[PDB]
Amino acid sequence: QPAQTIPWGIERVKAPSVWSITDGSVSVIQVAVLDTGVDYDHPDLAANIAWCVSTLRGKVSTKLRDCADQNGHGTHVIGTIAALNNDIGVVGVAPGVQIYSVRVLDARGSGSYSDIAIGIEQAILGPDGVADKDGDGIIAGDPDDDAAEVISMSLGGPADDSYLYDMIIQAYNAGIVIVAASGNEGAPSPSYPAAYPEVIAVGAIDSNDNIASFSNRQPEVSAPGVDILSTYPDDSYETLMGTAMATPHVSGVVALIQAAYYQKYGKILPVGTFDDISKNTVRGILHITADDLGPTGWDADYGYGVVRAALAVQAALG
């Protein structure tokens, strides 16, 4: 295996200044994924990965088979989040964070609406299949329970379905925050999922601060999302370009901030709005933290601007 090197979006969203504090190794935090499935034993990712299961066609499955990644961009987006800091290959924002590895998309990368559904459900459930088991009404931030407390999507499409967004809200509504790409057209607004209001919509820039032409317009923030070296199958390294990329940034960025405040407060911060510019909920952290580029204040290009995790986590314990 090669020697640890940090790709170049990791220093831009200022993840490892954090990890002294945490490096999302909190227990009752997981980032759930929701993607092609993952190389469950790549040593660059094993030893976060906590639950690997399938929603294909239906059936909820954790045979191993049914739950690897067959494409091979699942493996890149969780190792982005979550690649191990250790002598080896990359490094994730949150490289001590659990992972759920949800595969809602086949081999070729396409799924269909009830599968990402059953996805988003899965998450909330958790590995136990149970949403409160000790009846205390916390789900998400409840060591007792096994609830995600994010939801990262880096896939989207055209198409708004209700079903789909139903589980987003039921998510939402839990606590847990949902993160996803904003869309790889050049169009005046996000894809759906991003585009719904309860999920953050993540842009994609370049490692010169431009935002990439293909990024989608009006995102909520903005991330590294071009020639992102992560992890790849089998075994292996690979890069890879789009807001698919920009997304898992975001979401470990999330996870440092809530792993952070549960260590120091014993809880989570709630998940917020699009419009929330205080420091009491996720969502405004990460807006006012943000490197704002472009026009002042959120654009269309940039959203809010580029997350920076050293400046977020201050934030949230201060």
Given for the second form:
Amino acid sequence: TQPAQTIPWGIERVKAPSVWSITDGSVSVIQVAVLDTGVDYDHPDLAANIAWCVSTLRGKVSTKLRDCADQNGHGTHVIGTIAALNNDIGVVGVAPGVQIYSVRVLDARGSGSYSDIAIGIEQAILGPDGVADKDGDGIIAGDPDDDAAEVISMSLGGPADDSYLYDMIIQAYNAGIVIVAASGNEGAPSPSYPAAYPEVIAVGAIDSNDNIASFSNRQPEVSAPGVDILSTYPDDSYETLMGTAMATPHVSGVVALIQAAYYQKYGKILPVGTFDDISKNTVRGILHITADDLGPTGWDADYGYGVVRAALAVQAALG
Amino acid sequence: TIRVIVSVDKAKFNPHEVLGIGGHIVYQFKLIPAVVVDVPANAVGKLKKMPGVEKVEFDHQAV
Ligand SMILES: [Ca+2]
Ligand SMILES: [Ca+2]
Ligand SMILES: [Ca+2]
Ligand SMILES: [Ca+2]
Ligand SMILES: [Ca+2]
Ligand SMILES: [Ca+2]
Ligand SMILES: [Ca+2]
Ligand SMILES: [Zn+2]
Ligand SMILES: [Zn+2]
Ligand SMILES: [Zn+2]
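Now that the form solved without its partner chain has been shown, please provide the structure of the form solved in complex with its partner chain.
What follows is the entire complex, opening with the chain shown before.
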């Protein structure tokens, strides 16, 4: 039997609930692709937002449920942080009405290969129809005629850089898609890849006293709740975890909210923007200037621009 | 066998010919000119000189 709904502190922290009266993310053209261990697809607090379930493990693309299910819990938890439903049970995500493409690129261990991950990105871009730009107009993310995700969320990272992974990230960036990745968990001076690419938002982790977590790789672009994160977990349950894997979906939920609220108002999505951005004209510029500036002023190596805040980002986007 | 990712010149490279060096194709990317291939550990040098092969990269694991 299911617990009554609670709002995990991290959702409160990124100022999501005050957005939901404008949008919960449930604007038709918007999808979030979660590249992870898969998803507990019948989870009562997730089922209704899972729009597509793909797997790329071992180089072999599969839409079979045996293949797409979460055998770990890591992807179920992450996904619940973006998109657990706003109802009577369990938890609630940053964007509790957004459609999710669960793209299974990590195995039963929470570990995955670069080549499966790169296939995963291509699949997020292609969407279930297996075509990127179906009408050949150049618009992919935000084109309601295509089925590309507008957000790619990667709670994974590794120390190695390759041009095949790098070129896939340029493809997603050029497709107009916001890429979000965990900075990593080694307490290192800089982020893991792909978080470290200029096309990708590197996300670091804070705890409930707003301190940066000791394990969070430094030099992120933004930071988010990532210690003591309650979310969904198999089978049809809940668990509390820590890591930059937990911080990353908070930032992807905020992005979905921006793009969903902007589309709803303007019938187009915002451009992605740059790692440097401080304008109000791109998703990343808005994320930077509306982040809660913790530590030294402006960008710092612990928190990056600061803790992302949906309620101000969205106000700024519609401003 | 090891699994590598070959950056290719579309108009020089033949996926059917990696069999020549003991290889087979795993996945051909649609959006990037690259192909995931499985090959004998000692064929990497041969693979590197195959026609249409521009770069051979190795696979890595992420947590
Ligand atoms: Ca279940
Ligand atoms: Ca709920
Ligand atoms: Ca498509
Ligand atoms: Ca299009
Ligand atoms: Ca179009
Ligand atoms: Ca879309
Ligand atoms: Ca700061
Ligand atoms: Zn993890
Ligand atoms: Zn093989
Ligand atoms: Zn490599």
